[PDB]
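One chain comes next, on its own, written as structure tokens: the form deposited in one PDB entry.
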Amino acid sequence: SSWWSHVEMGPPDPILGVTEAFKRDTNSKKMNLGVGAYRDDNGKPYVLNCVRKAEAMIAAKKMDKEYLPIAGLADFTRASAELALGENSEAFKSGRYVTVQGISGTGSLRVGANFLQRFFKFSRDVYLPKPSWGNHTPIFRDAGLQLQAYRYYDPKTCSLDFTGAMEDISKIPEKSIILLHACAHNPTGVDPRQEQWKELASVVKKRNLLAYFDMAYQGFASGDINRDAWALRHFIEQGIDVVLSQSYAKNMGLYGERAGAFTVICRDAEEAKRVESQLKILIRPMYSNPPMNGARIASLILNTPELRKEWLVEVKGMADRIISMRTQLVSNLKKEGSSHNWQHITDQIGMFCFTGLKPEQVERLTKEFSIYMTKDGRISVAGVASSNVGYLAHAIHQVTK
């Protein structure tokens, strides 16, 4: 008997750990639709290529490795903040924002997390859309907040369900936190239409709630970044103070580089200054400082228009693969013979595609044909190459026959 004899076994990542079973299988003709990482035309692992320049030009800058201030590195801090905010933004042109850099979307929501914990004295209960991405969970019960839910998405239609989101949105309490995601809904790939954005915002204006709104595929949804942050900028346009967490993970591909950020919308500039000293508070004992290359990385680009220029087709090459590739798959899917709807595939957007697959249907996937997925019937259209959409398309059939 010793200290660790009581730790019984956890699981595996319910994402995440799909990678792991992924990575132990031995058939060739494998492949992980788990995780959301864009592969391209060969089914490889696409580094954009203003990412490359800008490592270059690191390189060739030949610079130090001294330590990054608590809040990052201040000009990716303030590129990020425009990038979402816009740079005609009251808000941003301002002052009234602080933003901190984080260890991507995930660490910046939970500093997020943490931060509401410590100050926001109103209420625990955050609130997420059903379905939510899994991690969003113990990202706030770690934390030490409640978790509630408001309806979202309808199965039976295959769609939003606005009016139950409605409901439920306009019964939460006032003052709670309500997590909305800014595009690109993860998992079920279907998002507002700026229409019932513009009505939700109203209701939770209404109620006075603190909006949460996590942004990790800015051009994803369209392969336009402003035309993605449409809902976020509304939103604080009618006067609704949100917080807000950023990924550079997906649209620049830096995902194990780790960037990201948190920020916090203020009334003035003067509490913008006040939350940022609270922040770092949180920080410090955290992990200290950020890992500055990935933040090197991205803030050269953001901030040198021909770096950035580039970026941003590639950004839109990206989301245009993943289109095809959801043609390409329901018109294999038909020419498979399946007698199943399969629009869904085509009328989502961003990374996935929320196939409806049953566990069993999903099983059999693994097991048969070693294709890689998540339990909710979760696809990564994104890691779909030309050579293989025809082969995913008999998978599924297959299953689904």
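Numbering follows the first chain given and starts at 1. First, how it differs from the form deposited in another entry.
Taking the list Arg141, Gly377, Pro12, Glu271 and the motion between the two forms, the hinge point where C-alphas stop fitting one rigid part best and start fitting the other is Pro12.
Take the protein just shown as the form deposited in one PDB entry and give its structure as the form deposited in another entry.
Here you get just the chain by itself.
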């Protein structure tokens, strides 16, 4: 009936552009630094051992495929909160939080956005760091909220614009919403240091802002689950009742299984139950109940001492590899006689690194070196291996010489 003749072709994904060209390249020396998931030293996808084991365990138990409660798997949501807040957290012990399973971090972010749109009467403004993960915009926008921003990244030093951040935040109308990356800021890799987080907390507290933490790399950033959750935990201790989204896509390599959760810190256990009833109401008409596989896998790992223990080592190996690559990249640039300051590379944390390379330098690296990345100078450290770090150091040097 020509119902859709007016539907226009959506704009193409740039990252997709990068991956495709990479795919077309025949030079065996090509590098894909546009990659969004972890890759091993051999440039291959990695399913943790503990994951294989957990999977085998489920298979062994001949479990049913019955619908999970709207809120998800209790063993999973509980373990998830404990993971984030800490076993001895006051918030945890008193049971004054409500955690619901979501469709990975994304779905959890969205549920949260929809929850705020509905019940957070104080404001519609959500302040994002400049820049932020691309998907954050439309998540909040689609949810019916308004987007604001605070200075974060400093192009000058490829570090944190602590001054701008603090000035921006100090002017945020009371009771507004501020989004913070728990650790391993995406896409810059620039995170505040402890002393800086202590200061941001003080202002967020003072200005009575609702803090929304996006925690997609717990344990994957520094290889330590406690350290990665430090800032989130610190806010809550200072009396800031945050909202939070967790993803296991990276830390457990559950990517496609979509395991994640949304958590609200409440005043007491009673209030938590009320909030939880409302989240159930929101979710039902969204997708009814959550996918079971990823949650079943995560819960087993988290709740099985042997698995959990093994997980920590594994997540640590992942973190270590990335760090080692940052280290080696810096070292090789020196060996190459790069007069430039590449400290930011080692100061940066996680999978993403804002290099400082200009659009033109990027082109050259692509055109001449078969090294693929986006024009923002952002590199996925996951695409770097022991075998090519040398080459990359080399190539970067040539275009910056």
